[PDB]
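Chemist: Listed here are the chains, written in short residue letters.
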Amino acid sequence: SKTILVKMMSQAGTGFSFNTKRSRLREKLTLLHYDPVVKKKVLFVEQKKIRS
Amino acid sequence: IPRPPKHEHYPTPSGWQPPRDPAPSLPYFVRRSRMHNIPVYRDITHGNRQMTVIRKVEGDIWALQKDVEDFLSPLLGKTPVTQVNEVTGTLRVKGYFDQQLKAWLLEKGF
Amino acid sequence: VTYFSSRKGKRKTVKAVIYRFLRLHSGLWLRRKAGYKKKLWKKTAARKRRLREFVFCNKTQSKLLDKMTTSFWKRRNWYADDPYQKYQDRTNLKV
Amino acid sequence: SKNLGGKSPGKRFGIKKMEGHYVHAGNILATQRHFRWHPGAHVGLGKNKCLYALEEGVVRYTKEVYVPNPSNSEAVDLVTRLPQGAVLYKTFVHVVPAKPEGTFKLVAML
Amino acid sequence: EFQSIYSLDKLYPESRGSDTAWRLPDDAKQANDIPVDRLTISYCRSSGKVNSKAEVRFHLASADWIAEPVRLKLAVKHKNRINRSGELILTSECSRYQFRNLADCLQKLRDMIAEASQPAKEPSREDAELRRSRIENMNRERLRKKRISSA
Amino acid sequence: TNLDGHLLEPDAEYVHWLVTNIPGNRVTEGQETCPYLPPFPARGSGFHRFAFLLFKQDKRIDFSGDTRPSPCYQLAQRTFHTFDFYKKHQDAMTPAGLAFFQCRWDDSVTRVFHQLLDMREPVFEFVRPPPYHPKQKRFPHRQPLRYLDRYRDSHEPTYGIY
Amino acid sequence: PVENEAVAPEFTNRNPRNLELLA
Amino acid sequence: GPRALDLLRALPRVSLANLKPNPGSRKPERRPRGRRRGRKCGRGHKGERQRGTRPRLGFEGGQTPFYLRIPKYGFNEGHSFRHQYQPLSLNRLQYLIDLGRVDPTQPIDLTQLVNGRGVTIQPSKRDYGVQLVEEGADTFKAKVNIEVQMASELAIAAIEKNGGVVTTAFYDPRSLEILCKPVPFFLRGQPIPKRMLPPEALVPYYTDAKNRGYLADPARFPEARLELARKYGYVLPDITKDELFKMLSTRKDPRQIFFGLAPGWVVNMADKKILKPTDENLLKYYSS
RNA sequence: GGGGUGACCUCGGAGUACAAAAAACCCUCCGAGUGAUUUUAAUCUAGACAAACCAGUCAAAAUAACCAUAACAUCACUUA
RNA sequence: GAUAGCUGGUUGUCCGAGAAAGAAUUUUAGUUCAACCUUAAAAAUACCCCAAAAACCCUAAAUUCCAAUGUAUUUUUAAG
Ligand SMILES: [Mg+2]
Ligand SMILES: [Mg+2]
Ligand SMILES: [Mg+2]
Ligand SMILES: [Mg+2]
Ligand SMILES: [Mg+2]
Ligand SMILES: [Mg+2]
Ligand SMILES: [Mg+2]
Ligand SMILES: [Mg+2]
Ligand SMILES: [Mg+2]
Ligand SMILES: [Mg+2]
Ligand SMILES: [Mg+2]
Ligand SMILES: [Mg+2]
Ligand SMILES: [Mg+2]
Ligand SMILES: [Mg+2]
Ligand SMILES: [Mg+2]
Ligand SMILES: [Mg+2]
Ligand SMILES: [Mg+2]
Ligand SMILES: [Mg+2]
Ligand SMILES: [Mg+2]
Ligand SMILES: [Mg+2]
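Protein chains in written order, with the authors' numbering: chain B6, 13 to 64; chain Bl, 57 to 166; chain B8, 94 to 188; chain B0, 39 to 148; chain Bu, 38 to 85, 93 to 195; chain Bb, 219 to 380; chain BS, 38 to 60; chain BP, 9 to 296.
To be clear, the hints were calculated from the coordinates, so they are not data collected in a lab. A few of these clues could be false.
Chain Bu is nowhere near these chain Bb residues, computed Cβ spacing over 10 Å in every case [what the hints assert, rightly or not]:
(1) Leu-236
(2) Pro-253
(3) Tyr-254
(4) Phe-268
(5) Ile-279
(6) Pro-287
(7) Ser-288
(8) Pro-289
(9) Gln-292
(10) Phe-298
(11) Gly-315
(12) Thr-328
(13) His-332
(14) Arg-338
(15) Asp-371
(16) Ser-372
Calculated cross-link-like contacts (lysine to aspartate or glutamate; reagent style DMTMM-like; alpha-carbon spacing at most 25 Å) [unchecked claim]:
(17) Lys-156 (chain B8) / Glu-231 (chain BP)
(18) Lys-249 (chain BP) / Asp-148 (chain Bu)
(19) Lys-167 (chain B8) / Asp-367 (chain Bb)
(20) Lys-143 (chain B0) / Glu-247 (chain Bb)
(21) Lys-306 (chain Bb) / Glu-146 (chain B8)
(22) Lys-101 (chain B0) / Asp-115 (chain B0)
(23) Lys-47 (chain Bu) / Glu-231 (chain BP)
(24) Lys-143 (chain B0) / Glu-102 (chain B0)
(25) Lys-187 (chain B8) / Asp-371 (chain Bb)
(26) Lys-239 (chain BP) / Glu-38 (chain Bu)
(27) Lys-130 (chain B8) / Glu-58 (chain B6)
(28) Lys-62 (chain Bl) / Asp-250 (chain BP)
(29) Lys-66 (chain Bu) / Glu-85 (chain BP)
(30) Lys-160 (chain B8) / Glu-58 (chain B6)
(31) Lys-189 (chain BP) / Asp-108 (chain Bu)
(32) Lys-239 (chain BP) / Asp-108 (chain Bu)
(33) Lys-97 (chain Bu) / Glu-42 (chain BS)
Positions of the beta carbon are idealized from the N, C-alpha and C atoms, including for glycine.
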């Protein structure tokens, strides 16, 4: 059960990405994170994959 | 170094003040510096030893030492520690008393 | 450290210390925390803030850096809009 | 040979401030692996079971009754399994504040 | 007497005389607000923190450089800083320079004058500090609601 | 009696309305020793306590020492000590009624201070003790850069000789 | 000066409910 | 007074045979000789320390050193290209004027300050002139025509309140050396060069009226002066009605270094002469 | 407990090390080099633990968004 | 005048104080920090320390922190 490291960018337009661990057998990750640029609860979608 | 101009009111806005015209009757004279300032400096040694140096003294330096101890005793409640370099004409008080000694010498007219 | 150079006979300085350190005029040395850019996804926000925070050096490391630097780096610098100009001096140090 | 990994330093888990020590706000009173000392008045609880002072005062150590949280299932079960005369007691650490909250100073007599 | 291509006269031909930078354009500002000559300014240098408190006193009722509704709004809102002799008093202690302290007092006076001169003021109040007072007023009127004639 | 509000003495209290020798329930018929004075709590120090104490007595108590004048606007004369008052009148008086309330500053206390008391309104403030900082070290090991700001006297650049 | 103008800047409020009401 | 001179009468002649330094001025050197200071002579037993082969300073015995484990960060990055400005407090300026080192009756410049020993400019250390601070703005009572490179709003206001003139000019390193030490430049044998313009990083500072830039529009100076006066609560004095208005309003050409001199002149100080160029190309190059 | 062969090299828990802390052996035993789930868990700053240094740990107040009453992510001996 | 963490040697007198090892390290034949110690300088508390206080199944010698008291020592600063 190997994990994956994915970088997710904000959807509020401002450039803000954060990396998180995810399961390989899972679909594209989409969460609700906190963006300090707009200071709001913003939807974050999986953009890139960094580490296995 | 140009001599200081004569002003209509003393002390000057920068706090400077010339000596009195006649010399006081004290058995010692604290000669002004080459920049017409009072030769009362502060010194630091070993990073924690703070002293105050009175330089350019001509005359009975022991009388000046006695006057300095009598002036600094009521401020500290005890006789301050002093060193008298007679061959140099220098007083060295243990502590930072530069501003107070400058004001005292100004009141004494030096 | 080259205590006596071969061309001028002067004392040289190591460039690593000037590349990764900052000397305030009061004698203190400022540095960055080691590892503040490595594996930020694995660390807690508090640990990340601790790593991002600047830090000072102790007396032995400060004396070592003073020995490794020349007198050109221990001068008084009056920079235009210097952030550390307020920290260049020391106040209320009752030693 | 067969036994490996037994080398590990001590975590310095102990009591920092004893009874009677005048502490300040934020001072860690005691660190622990398991709950040995429980926080009382003006004593916070870190996520590592460490105890720090929330006010500036004198540290005290008392033996006091233990009423657990009604959500902590293990503790509630132990409580309901205790006999009719049993009362759980624990060692609590408190900080008795010495400085007052503030004073009323006259700022302007208009 | 020397001149060059980058001289001020050749750079800005609109102003060529040497006295154009030293004029007093009184026509630009004819309102003449804050007549500092009519204000009582005092300085108290407290050292030992070192700070120079600046105190600006002026009679509000005798202040004729402001309109009557503005003066009434000042006397209503800022009555907490009005002396019993009618002298409105402002105080500054931020900076160690009496220049900056006086500037702060004058800016406070400007803000007060503007707030009392603009008619679009809605008088907005906070909530974190006002909810307690609101609940206390409600709980005291719950007892005050007794209706019995007396006196 | 006003328990909090005496500016000079902490252990003393103020009088606001003292009326003795009440026949039965008719309070207006009894002679008022101290005329009524409105509450005047300071602006800063708020929430003073004002207590109405009702004592039942046996004899017709007469006293010339506790009497107040008709204006009675002097704070030195309006200084009470209920302990000494009850020690003086302990033979006949016995407390039977009590009603106390809280009172803070409002827009009428300035009027009471200026017109009645002939004073300037004193304004107080709830100040807090200064924050504690350890003894400043020569070489603060591994401390943030803001360590030097905790011991700064003023946030103003000071050029010594320059 | 005015005999009533004595202030004693250290004002002591012995009311145990004072700070509780002031929050 | 000096009783030592009277004491010297009874003492014998002072010669080279009786001369002693001050007690404590000469700590005697000690050599590895004898029972105490011999026998390994303060070096210790075997190893690297007695044989003089211990490693360098930053070395810690193979462990990754402290001066190499800390990550590189920009602290002195580009330090040799940061413009430096020696601070001059209004307190120090008033001290100089009151002691007579500089005269308020003449336009005060960097040359006058270095002559009065008020500031020391090291142009080889990337110093770009003198900046004005306001440490003594409360007790400043001098009316001077000051010429600095940078100034603070408070210092400018404190000077205007007395009724002076503040101006921020620019000097590239060569012109700064020439302005600080003019006599060593006049003894060099070279014509006075032109004053280079400030770079793009400093152009918005010197073309601004709030900073009293020497390249700023002189039409916006009274407006900025009135704004400063109405902000700091002081009446702006009528500067044009002063008896020294010419000295207060005297200016330097943005290509000019000294007062009265011109780019291209050779000052022959031996014969007290000023050689001026007459060639058309020389004049065009020196006036461009 | 000479080297060679064999074994080990970093981190955590228990005993040695009985009650503040620390404490070694090629001493006796367990383990780790991660999984699962959603509450996706911020900025700034007093004061402290621990420590040769590098590193590791807590944390009051103040700030933006959610109940207008919590936010220390939880569990797997949680310590690694 | 290669280089040696390795061996050997290292030249007058007297006086003062005076050190047996915790951590890293191709490191355990060596170095660099810490803890001790030397030389100066600033200070004020320093050891001894009765109560009281320091965990839960059983647990000894005794420890930690503290008044008083008996002494004068201790902590920081600069060189090491
Ligand atoms: Mg010196
Ligand atoms: Mg173990
Ligand atoms: Mg170990
Ligand atoms: Mg030697
Ligand atoms: Mg030698
Ligand atoms: Mg020897
Ligand atoms: Mg021998
Ligand atoms: Mg040996
Ligand atoms: Mg050896
Ligand atoms: Mg040997
Ligand atoms: Mg290695
Ligand atoms: Mg310089
Ligand atoms: Mg063997
Ligand atoms: Mg093998
Ligand atoms: Mg510790
Ligand atoms: Mg909080
Ligand atoms: Mg050799
Ligand atoms: Mg070796
Ligand atoms: Mg005991
Ligand atoms: Mg003790």
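Chemist: Next step is simple, just say for each hint if it's right about the structure.
Modeler: Cross-check of the supplied hints:
1. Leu-236: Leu-236 (chain Bb) is indeed farther than 10 Å from all Cβ atoms of chain Bu, at 21 Å.
2. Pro-253: Consistent with the label, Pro-253 (chain Bb) stays out of reach of chain Bu, its closest Cβ about 17 Å off (over 10 Å).
3. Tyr-254: Answer for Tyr-254 (chain Bb): holds, closest chain Bu Cβ roughly 13 Å.
4. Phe-268: holds (15 Å)
5. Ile-279: holds (29 Å)
6. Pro-287: holds (24 Å)
7. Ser-288: holds (21 Å)
8. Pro-289: holds (20 Å)
9. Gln-292: The assertion about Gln-292 (chain Bb) holds, with a minimum of 19 Å to chain Bu.
10. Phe-298: holds (27 Å)
11. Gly-315: It holds; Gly-315 (chain Bb) is separated from chain Bu by about 19 Å at its closest Cβ, greater than 10 Å.
12. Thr-328: violated (8 Å)
13. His-332: About 5 Å separates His-332 (chain Bb) from the closest Cβ of chain Bu, which leaves it inside 10 Å; violated.
14. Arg-338: For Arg-338 (chain Bb), whose nearest Cβ neighbour in chain Bu is about 6 Å away, the distance does not exceed 10 Å, so it is violated.
15. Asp-371: Not fine: 6 Å to the nearest Cβ puts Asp-371 (chain Bb) too close to chain Bu.
16. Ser-372: violated (6 Å)
17. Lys-156 (chain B8) / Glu-231 (chain BP): Given that 25 Å is the threshold and the Cα spacing comes to 54 Å, the pair is violated.
18. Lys-249 (chain BP) / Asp-148 (chain Bu): Roughly 31 Å separates the two Cα atoms, so the pair is violated.
19. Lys-167 (chain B8) / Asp-367 (chain Bb): holds (22 Å)
20. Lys-143 (chain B0) / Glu-247 (chain Bb): violated (43 Å)
21. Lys-306 (chain Bb) / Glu-146 (chain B8): violated (70 Å)
22. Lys-101 (chain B0) / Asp-115 (chain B0): holds (22 Å)
23. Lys-47 (chain Bu) / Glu-231 (chain BP): holds (22 Å)
24. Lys-143 (chain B0) / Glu-102 (chain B0): violated (39 Å)
25. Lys-187 (chain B8) / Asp-371 (chain Bb): Holds, at about 14 Å.
26. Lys-239 (chain BP) / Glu-38 (chain Bu): Violated: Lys-239 (chain BP) and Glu-38 (chain Bu) sit about 36 Å apart, past 25 Å.
27. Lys-130 (chain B8) / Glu-58 (chain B6): Given pair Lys-130 (chain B8), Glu-58 (chain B6) holds - Cα atoms ~22 Å apart, limit 25 Å.
28. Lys-62 (chain Bl) / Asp-250 (chain BP): holds (23 Å)
29. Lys-66 (chain Bu) / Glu-85 (chain BP): Violated - the C-alpha atoms of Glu-85 (chain BP) and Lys-66 (chain Bu) are around 48 Å apart, more than 25 Å.
30. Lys-160 (chain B8) / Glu-58 (chain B6): violated (51 Å)
31. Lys-189 (chain BP) / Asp-108 (chain Bu): violated (58 Å)
32. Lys-239 (chain BP) / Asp-108 (chain Bu): holds (21 Å)
33. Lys-97 (chain Bu) / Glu-42 (chain BS): Given that 25 Å is the threshold and the Cα spacing comes to 24 Å, the pair holds.
Comparing the model with each numbered hint stated earlier shows that hints 12, 13, 14, 15, 16, 17, 18, 20, 21, 24, 26, 29, 30, 31 do not hold.
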